[PDB]
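One chain comes next, on its own, written out as structure tokens in the form solved without this ligand.
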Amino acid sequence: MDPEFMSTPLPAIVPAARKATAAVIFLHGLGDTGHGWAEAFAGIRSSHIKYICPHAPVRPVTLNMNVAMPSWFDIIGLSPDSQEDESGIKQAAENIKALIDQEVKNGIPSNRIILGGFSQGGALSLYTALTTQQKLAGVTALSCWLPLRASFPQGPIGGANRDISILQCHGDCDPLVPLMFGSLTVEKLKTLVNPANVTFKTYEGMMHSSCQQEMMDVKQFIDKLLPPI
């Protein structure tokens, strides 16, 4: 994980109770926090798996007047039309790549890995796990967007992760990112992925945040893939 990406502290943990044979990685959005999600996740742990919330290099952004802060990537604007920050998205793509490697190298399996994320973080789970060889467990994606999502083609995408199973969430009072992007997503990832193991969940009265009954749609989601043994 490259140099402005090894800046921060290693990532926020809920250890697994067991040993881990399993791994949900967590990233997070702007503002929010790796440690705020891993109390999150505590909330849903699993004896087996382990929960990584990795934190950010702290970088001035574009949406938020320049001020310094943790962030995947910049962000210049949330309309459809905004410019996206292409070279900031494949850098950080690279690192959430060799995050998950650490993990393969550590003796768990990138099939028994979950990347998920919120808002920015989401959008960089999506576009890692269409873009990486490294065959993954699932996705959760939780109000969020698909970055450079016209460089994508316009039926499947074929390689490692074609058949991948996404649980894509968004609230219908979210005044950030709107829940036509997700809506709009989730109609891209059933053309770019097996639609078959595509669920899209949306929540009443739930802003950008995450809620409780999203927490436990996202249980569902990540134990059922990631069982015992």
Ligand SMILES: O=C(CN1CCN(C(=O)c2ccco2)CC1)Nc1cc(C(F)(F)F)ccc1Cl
Second form
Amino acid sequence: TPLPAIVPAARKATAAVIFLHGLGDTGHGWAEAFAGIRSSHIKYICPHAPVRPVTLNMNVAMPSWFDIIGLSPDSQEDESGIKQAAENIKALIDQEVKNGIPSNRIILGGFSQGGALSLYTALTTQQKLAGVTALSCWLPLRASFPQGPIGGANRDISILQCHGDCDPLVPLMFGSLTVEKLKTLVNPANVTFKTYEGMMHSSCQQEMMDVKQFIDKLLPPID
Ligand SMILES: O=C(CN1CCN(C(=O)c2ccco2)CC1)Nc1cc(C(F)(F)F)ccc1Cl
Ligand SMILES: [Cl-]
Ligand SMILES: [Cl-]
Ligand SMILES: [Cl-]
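Okay, that was the form solved without this ligand. Show me the form deposited with this ligand bound next.
The next block holds the full complex; its first chain is the one shown before.
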């Protein structure tokens, strides 16, 4: 708690989207973005990161899923916080399953550190998921993954990875290096990289339209 921001389905939800915001934010802005592309049968859940000290910014307390120590290829990542946060997301997936939405009808996603967390959670959980929408982010703890395919429940998971070509905070190059790594961890036929010309560390309407088409293709209406 506080309770996640929820976009209810218009009718009993047969699928769900769990979207994780980035550093400094809450789930409200992203909930309004998903409300503008909402499908009648999908529930959208945007949980709020706890407020915690961020090492990168002199331990200033701000909403963050885990600690951030640096932005360069050699920078250390918060292994314990990332794993802890991923088990918390797995518990939210579990709640949705027990409450009637199978995990193969759930898409996980996020922006920046939230996107990184969504990839890490999807690529470690054995709860089969429908897909991932990874926006302006990177694969965290990349060296801990195998050198080949991950195997397991989510070996054929569909992933939409989005990036702004003018991102001044998460270089396009880290988005590209991440998708090249995702194409070796899972079936590459279901991994798609979309880039938005002129977009910085932000979102845009064309990206939300591509996210909507991906969500609708993977979580179509069912009888
Ligand atoms: O935490 C990190 C660590 N970063 C190391 C460098 N890296 C890779 O070399 C790479 C290539 C493929 C996968 O990883 C990405 C991760 N970064 C980050 C955080 C923020 C924000 F959280 F503070 F906002 C912003 C921007 C950045 Cl880059
Ligand atoms: Cl419902
Ligand atoms: Cl972030
Ligand atoms: Cl349906």
